[PDB]
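Q: Here is what each chain is made of, one letter per residue.
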Amino acid sequence: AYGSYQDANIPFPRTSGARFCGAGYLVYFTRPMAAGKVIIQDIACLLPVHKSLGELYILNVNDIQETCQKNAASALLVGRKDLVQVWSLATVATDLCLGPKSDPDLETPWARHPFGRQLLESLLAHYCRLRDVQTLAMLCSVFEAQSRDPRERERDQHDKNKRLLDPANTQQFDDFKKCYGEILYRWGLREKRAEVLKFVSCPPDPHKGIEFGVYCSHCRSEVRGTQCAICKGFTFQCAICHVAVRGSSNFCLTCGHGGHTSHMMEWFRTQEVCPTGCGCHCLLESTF
Amino acid sequence: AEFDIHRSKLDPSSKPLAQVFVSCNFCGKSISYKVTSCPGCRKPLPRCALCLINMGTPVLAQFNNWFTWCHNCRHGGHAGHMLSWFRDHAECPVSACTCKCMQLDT
Amino acid sequence: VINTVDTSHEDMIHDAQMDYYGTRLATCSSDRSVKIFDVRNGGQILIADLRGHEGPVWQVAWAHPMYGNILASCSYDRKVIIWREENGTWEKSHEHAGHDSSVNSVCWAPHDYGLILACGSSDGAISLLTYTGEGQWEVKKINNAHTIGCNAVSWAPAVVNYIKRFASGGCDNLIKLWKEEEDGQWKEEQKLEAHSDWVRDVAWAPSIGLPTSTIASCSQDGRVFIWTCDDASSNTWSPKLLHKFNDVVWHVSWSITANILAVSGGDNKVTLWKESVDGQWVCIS
Amino acid sequence: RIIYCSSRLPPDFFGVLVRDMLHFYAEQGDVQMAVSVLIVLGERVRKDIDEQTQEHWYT
Ligand SMILES: [Zn+2]
Ligand SMILES: [Zn+2]
Ligand SMILES: [Zn+2]
Ligand SMILES: [Zn+2]
Ligand SMILES: [Zn+2]
Ligand SMILES: [Zn+2]
Ligand SMILES: [Zn+2]
Ligand SMILES: [Zn+2]
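Residue numbers (the working numbering), protein chains in the order written: chain C, 1043 to 1330; chain S, 15 to 120; chain D, 30 to 314; chain Y, 10 to 68.
Hints listed in this document are in silico derivations from the structure and should not be mistaken for laboratory results.
Note that the Cβ used here is the ideal one computed from N, Cα and C, for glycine as well.
Check each hint, because a few of them may be wrong.
Unchecked claim - Label pairs and their calculated CB-CB ranges:
hint, chain 1, residue 1, chain 2, residue 2, range
1, S, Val49, C, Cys1261, 23 to 31 angstroms
2, Y, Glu36, C, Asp1191, 24 to 32 angstroms
3, S, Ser28, D, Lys169, 55 to 63 angstroms
What the hints assert, rightly or not - Derived pair list, reagent style SDA-like, types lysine to any residue, alpha-carbon separation capped at 20 angstroms:
hint, chain 1, residue 1, chain 2, residue 2
4, C, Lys1234, S, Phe100
5, D, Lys303, C, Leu1172
6, D, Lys108, C, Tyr1044
7, C, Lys1202, C, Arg1159
8, C, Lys1234, S, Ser109
9, S, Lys48, D, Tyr96
10, C, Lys1123, Y, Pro19
11, S, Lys29, C, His1284
12, C, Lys1093, D, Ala287
13, S, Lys114, S, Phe100
One chain only, chain C, in its complex shape:
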């Protein structure tokens, strides 16, 4: 019996609720006071992160000054001024002419200068108080990217001292980067997630599971690699150009034939049969 004396342990049912969902949405419902409605409200004006900035930021490893200048320009466009100041400071503080020296006795490393590590620590503390994951990830990426017998002890200490990022806190920086990457993925932007994750010190683990091997075009043996271990020749040859394939490739699991990505794309743009004459409709047998 519903609502009988046997249900003393069951709490009274809810009739109202509010919940954060997505990245910038609040979903709530209340008692009508015949069922009510559901309200979805955008609250992007409350979080310390911005979607537009996420869309506009770039991270080029090869050039740092260009990235800093463009990020400053975009931050100015959005309307954040402290971001402009911080990005300009990062532009100055990460120039190439301040490269550390191998010999500790030649000059004081720029990391020791108060406008280096201490300034970076102060900025990180301020933004940690503000809980701005985006800026933390960007800074911890940009500054890290620059890294790219008593004598031995002294040299090791010098190596440990010439970095603007304290090696004792690599874990915190990696956590910042991972959290920002997850936020980016939730936003729907995927390329930015990969770009950010390319700066993680800790590498991930390889896939443990199903793998693909290729029959050698010469000895027909099972070879795990682009070059045979017996015949020492190329094992995979394109089914269209009949050239050795070393990079990206595609193949039909049902027919076992494949080759160069662009070549097979061009072939299957108009045709629908396996280009080797096997008779397999590789599109219908592959696109699961």
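Mind docking chains S, D and Y with the ligands on chain C? Use the hints.
A: Quick look at chains S, D and Y with the ligands alone, frame taken from chain C:
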């Protein structure tokens, strides 16, 4: 290719041979397929490097749902995603990978 | 802006949650049905209407998109039902009836641990459903978890193999932490006792890498408490009172950055709270 | 120049850093840089350094 198709249609004895086989790196058993998980170890297919979706899961432009694989970097993913990524970048999108899989062939 | 959606249900709504991308919405009502809409560009398209429960539905929860499109619902019929979408159509894919009383709460584990579901019922037992592959599940029961019955369950954010921890709140006015041991057995870790009435909801704030753990608890008496731990070595929690509401407080939710708290209670009103610089919590609305 | 010659940072966010930079440059016998910075900045940093240290550096 058209000539080969005609020859195969007329001559069945001239059928080509398979080029790629499936072998698990944990169970070590050759797998013939399609198949959802490893028949022996139940391990799943590799996931797309950009969408983190397992291979074989669904979702003209139907070609975009293929799996591009790079035997050099042993990484791969959805055709459309990987092509879009390589259109502007020149490295394997996986972290700590440096193979230029698309630019390698030329 | 604002988007308003018509449930079209036949009775009162009990819960509603969007997907991970913010593109679809799932609602539950006493009509023993679950509605799934599409809200792209502020639209109302009834994608699916699922009926598999024999009683009222309390809570629903979306799984991480990494594993596909998976929804879980807990009902008064002492049943938890899992719905999956295959080939563009939704269908029931599994069922669990290991409890003797109504199941009150469900929650998915963080995606790093895998695909794990945690349920909490009034019978006093907590069931963990682990996905084993090949469409099969494993069930682990922690029996006599609470004196009278459990009400709320919340996982903890993943940190560096791994350590699995969550928090449970029941009708004993106590909050209990649970940690997985190396063998696989689950053992109670710590107890928190500050409320005076039934504990109705607990929410463990997400992590951004800061060395601080935060949990929010709301109870029947109207007390809302923030439990903070500033050192994992001590594993000690210092509760603070946020505010005392005149009526029951039902649900508390965190923001993505864990800086804004949303509170919904029995007064048929919704409040937002932000922590001040001086360490106090102040309303926003 | 970036710090002084300009949803903002607190007005005196960088005072401690400037004071420590002055001390750092003066602690290694490079009084010239410290005195030049002190003269150029003027009143924006004058009140953060005790008079005795300023007189020592000037002399
Ligand atoms: Zn060979
Ligand atoms: Zn085929
Ligand atoms: Zn074929
Ligand atoms: Zn080719
Ligand atoms: Zn295997
Ligand atoms: Zn490669
Ligand atoms: Zn690679
Ligand atoms: Zn993909």
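Q: Just pull the numbers of the violated hints for me, sorted ascending.
A: Every hint satisfied by this model.
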